[PDB]
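The chain below stands alone, shown as structure tokens; this is the form solved without ligand CDP.
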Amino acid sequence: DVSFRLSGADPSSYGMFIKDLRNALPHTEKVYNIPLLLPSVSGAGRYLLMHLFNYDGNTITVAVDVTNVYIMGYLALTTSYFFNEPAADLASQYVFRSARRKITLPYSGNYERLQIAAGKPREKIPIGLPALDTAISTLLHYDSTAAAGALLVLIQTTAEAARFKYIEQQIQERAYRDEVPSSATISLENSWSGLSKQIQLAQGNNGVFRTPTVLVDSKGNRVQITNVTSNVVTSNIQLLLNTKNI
């Protein structure tokens, strides 16, 4: 398991949580010096647990699939909540067994279905550490509409930061003031599956991507990514989704 506490958090302690989350995901090889996530894991070993706490100290446990860094569901006191999707239903076989009742949320866990339930897209939802406190507070008591927005905040501030060093840095600057996500942030989140696949293909192709990936940079401008020498590969992406899962 891994943990993070909003009470007393600063850029350094959040960076430490993100390093832990990364090191909890298993791999048997690296590809261009970057961990390759597993094709598959059987049983309960498939799921990682994250314990998160708000400023007031109240908590949820979030179950994460280690092959792909997807959130399956979470436990809030005695009620489990799972996304309405087969991977989550399978997960509900293995995690939060204890719960008194199991609510299936009235949406799956992809960004597009979440944004619809929330009533706004994530470019308009401020993120940061204060926003993560608010998210944890909302998920504590079921309100399916409020929960969708909170889930959008949680996914980005955890799984997305683990995937990209830049996204982790962005949350760090928002340690004490929320701000909607930078354009580069939304771009990387959207490109993770693509980048993972292109990096894997590059082995056997002299480090060259079979298909280039379009992104937004730190200054708000486009870049196009063509090979492994790019700083997105050398100095940003931290985890690769196995092509067996794409």
Given for the second form:
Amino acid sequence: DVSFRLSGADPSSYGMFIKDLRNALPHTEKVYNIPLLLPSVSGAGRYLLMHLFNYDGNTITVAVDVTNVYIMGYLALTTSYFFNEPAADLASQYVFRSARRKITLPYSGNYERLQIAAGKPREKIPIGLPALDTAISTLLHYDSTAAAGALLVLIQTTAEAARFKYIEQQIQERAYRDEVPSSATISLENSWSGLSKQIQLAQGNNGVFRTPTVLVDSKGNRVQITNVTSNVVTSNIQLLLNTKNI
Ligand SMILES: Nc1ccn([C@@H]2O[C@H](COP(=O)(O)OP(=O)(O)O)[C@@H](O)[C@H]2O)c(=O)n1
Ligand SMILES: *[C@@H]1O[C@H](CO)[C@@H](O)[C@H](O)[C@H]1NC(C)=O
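Based on the form solved without ligand CDP presented above, generate the structure block for the form solved in complex with ligand CDP.
Shown next: the complete complex, the earlier chain at its head.
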């Protein structure tokens, strides 16, 4: 398991968390020096438990699918909650079985559905360490509309930061003041699958992508990534979704 406490948190302790989260995900190969997540993992070992504590010391445990860094659900006191999707229903066979009751949330976990439920796109939802503390707090008691927003924060500040050093840095810069994500951050989130695929297809193609990936950069300019020499590949991306899952 991995843990993160908001009480006393700073950029360093957050970076240690995100490093622990990355290191907890299994891999047997690197591709261009980036860990390649596994095609599949059977049974319970498929799910990492993240223990998150708000500033007051209250806690939820979040279940994460180690093949794709997808959050499946969470435990808050004696109630478990899972996304309304088959992968989460499967996860509920393995994690938090000791919950006194299990609630299926009224949406799946993908960004489009969560934004619909929350009533706003994630361009408009501030993220940061304060936002994470609020998210955890919200998730402690069921409210499905409030939870959608909370989960959009939680996904970005855990999984998406594990995937991209740039995103991890963006949260660090919001350690004490929330701010909506940069467009670059949004772009990288949306491109993770595509990037992961193209980096893998590059291996038998002399480091060249079969299909260019369009990102937004730090300055809000849209740019094409065509090969493994790009800083998105050498510096930024930390985890690859296996092509078998794409
Ligand atoms: N059950 C789920 C589903 C998605 N997600 C997250 O949402 C991201 C986007 O999934 P997607 O590409 O299907 O989202 P949409 O923009 O298509 O709605 C994933 O890469 C995960 O970071 C999650 O944490 N748990
Ligand atoms: C490869 O990417 C680098 C870095 O972005 C770029 O300057 C170069 O023009 C690209 N070359 C090819 C052959 O795709």
